[PDB]
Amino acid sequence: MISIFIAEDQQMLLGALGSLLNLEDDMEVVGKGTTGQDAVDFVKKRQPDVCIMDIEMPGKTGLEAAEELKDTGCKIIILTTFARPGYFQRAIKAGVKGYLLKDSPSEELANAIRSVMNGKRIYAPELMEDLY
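Structural coordinates of the indicated chain alone, per the form whose entry title says "active state":
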């Protein structure tokens, strides 16, 4: 069983992703948040296997949260509306294992979580096509 914390400011996606991931037999959403501070606080206290975060959030950003959680054993998957090529390097240095676009199929999300748990790095193909 994979324990997942989800930090997303847009409540409709937060609740919809939480419902989606909970239907998986090997996944459990153990907590939900709306700010980067919520992610830092939960991860440091509860130590989930995976943290799914929006790159942009009020208070502390998903990126600032990722950097603060760099030395925890938690696997960070970043969600972004835009490819944000200029912010991707900061995410790599932060130790982000997954970097996904909100235009990616929802089916690939559970697969990304499982891949990241198997020590693989999952990046949006659009970001390679954008960066190169």
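Form whose entry title says "active state" already given; the form whose entry title says "inactive state" follows:
Keep in mind that what follows is only the chain, not its partners or any molecules around it.
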């Protein structure tokens, strides 16, 4: 089973996304509700396979939280609404494996998780662009 950590999943939307991923036979969401240093510690000690981050969270907007997990061994998947300048370059440099549109179905996220676990990088072409 693929172990999945979702940053800030004590929040209802990210918690709901994790509940949906838990319905997959080959996936398990781990460390639910862990935040702050407690989260960074979970990722380092429990070593989840995949880390999902919403980069548009207010008071945590940007690539910094994802860049903070770049050396944890966790395969990062970022969720965003549209392209922002310099984001694609920062994601590639931080070793991000997935860079997806929030508008895509949750089936695309599950498939991206599997692809990322098979050594692939899944970037929405709409986001590899300089702007929206």
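Residue numbers count along the first chain shown, from 1. In this text, the rigid core denotes the largest set of C-alpha atoms whose superposition between the two forms falls within 1.5 Å.
Could you check whether the CA atom of residue 117 moves 2 Å or more between the two forms, using the rigid core for the fit?
False for residue 117: its C-alpha shift is below 2 Å.
On a rigid core superposition, would residue 60 pass a 2 Å threshold for CA movement between the two forms?
Passes the 2 Å threshold, so yes.
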